Amino acid sequence: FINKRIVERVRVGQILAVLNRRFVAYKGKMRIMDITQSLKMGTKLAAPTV
Amino acid sequence: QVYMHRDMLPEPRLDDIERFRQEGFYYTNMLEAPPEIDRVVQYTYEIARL
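Going down the list, the sequences are from chains E and D. Each number in the deposited numbering corresponds to the 1-based position in the first sequence with 851 added. Each number in the deposited numbering corresponds to the 1-based position in the second sequence with 701 added.
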């Protein structure tokens with residue numbers, strides 16, 4: 852006994868009844884870059900923090 | 702006292718060639734008196750990065 856719906860004998864009316872997971876996705880023009888290797892001591896910022 | 706301004710090159714009327722030739726016309730970028738307080742804005746390094 853698992854209490855987890857692993858294998859269920861379902862009818863073909865509810866084969867696509869699992870489509871309830873929301874997804875977000877980025878467009879084909881966007882870029883995702885790495886910035887955490889740009890943390891060096893000799894770098895100043897233009898507008899200084901508090 | 703080195704400023705930046707938008708001034709034009711002077712072009713005389715030239716109504717007579719010989720009268721204009723007898724006088725001496727020229728143009729400088731060295732000015733007579735420095736400008737007033739309310740007509741100059743001061744720029745630093747810090748306000749230019751902002």
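What the hints contain is simulated information worked out from the structure, not anything from laboratory work. There may be inaccurate statements among the hints.
[Unchecked claim] Facing chain E, a subset of chain D residues (Cβ under 10 angstroms, in silico): (1) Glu747; (2) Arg750; (3) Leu751.
[Said to hold, decoys possible] Here are a few chain E residues that sit away from chain D, every Cβ distance over 12 angstroms (derived from the structure): (4) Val863; (5) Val869; (6) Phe874; (7) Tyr877; (8) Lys880; (9) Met881; (10) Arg882; (11) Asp885; (12) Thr887; (13) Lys891; (14) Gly893; (15) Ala897.
Cβ atoms here follow ideal geometry from the backbone N, Cα and C, with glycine treated the same way.
Hint check results:
With 10 angstroms as the threshold, the beta carbon of D/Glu747 comes within range of chain E, its nearest partner Cβ sitting at about 9 angstroms, so the hint holds. Satisfaction of the interface hint for D/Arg750 is found here, the shortest Cβ-Cβ separation to chain E being roughly 4 angstroms, below the 10 angstroms cut-off. A distance limit of 10 angstroms between C-beta atoms decides the matter here; for D/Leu751 the minimum to chain E is near 6 angstroms, and the interface restraint holds. For E/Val863, the non-interface assignment is confirmed: its Cβ lies about 65 angstroms from the closest Cβ of chain D, beyond the 12 angstroms cut-off.
Under the 12 angstroms C-beta cut-off, the non-interface status given to E/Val869 relative to chain D holds; the minimum distance is some 54 angstroms. Every C-beta of chain D lies more than 12 angstroms from that of E/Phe874, the closest at about 41 angstroms, which supports listing it as non-interface. At the 12 angstroms boundary, the C-beta of E/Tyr877 stays outside the reach of chain D, the nearest C-beta of that chain being 32 angstroms off. The Cβ of E/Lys880 lies farther than 12 angstroms from every Cβ of chain D, with a closest approach of about 31 angstroms, so its non-interface assignment holds.
The beta carbon of E/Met881 sits about 29 angstroms from the closest Cβ of chain D, which is more than 12 angstroms, so the claim that it is off the interface holds. Residue placement check: E/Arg882 keeps its beta carbon more than 12 angstroms from all beta carbons of chain D (closest about 27 angstroms). In this structure E/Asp885 is separated from chain D by more than 12 angstroms, as the shortest Cβ-Cβ distance comes to about 26 angstroms. Chain D leaves E/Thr887 outside its interface by the beta-carbon criterion, the shortest separation being 24 angstroms against a cut-off of 12 angstroms.
Against the 12 angstroms criterion, E/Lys891 stays outside the reach of chain D, whose nearest CB is about 19 angstroms from its own CB. No beta-carbon of chain D is positioned within 12 angstroms of the beta-carbon of E/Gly893; the least distance is around 16 angstroms. Against chain D, the non-interface label of E/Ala897 is violated: not every CB pair exceeds 12 angstroms, the least being about 4 angstroms.
Hint violations for this structure: number 15 only, all remaining hints satisfied.
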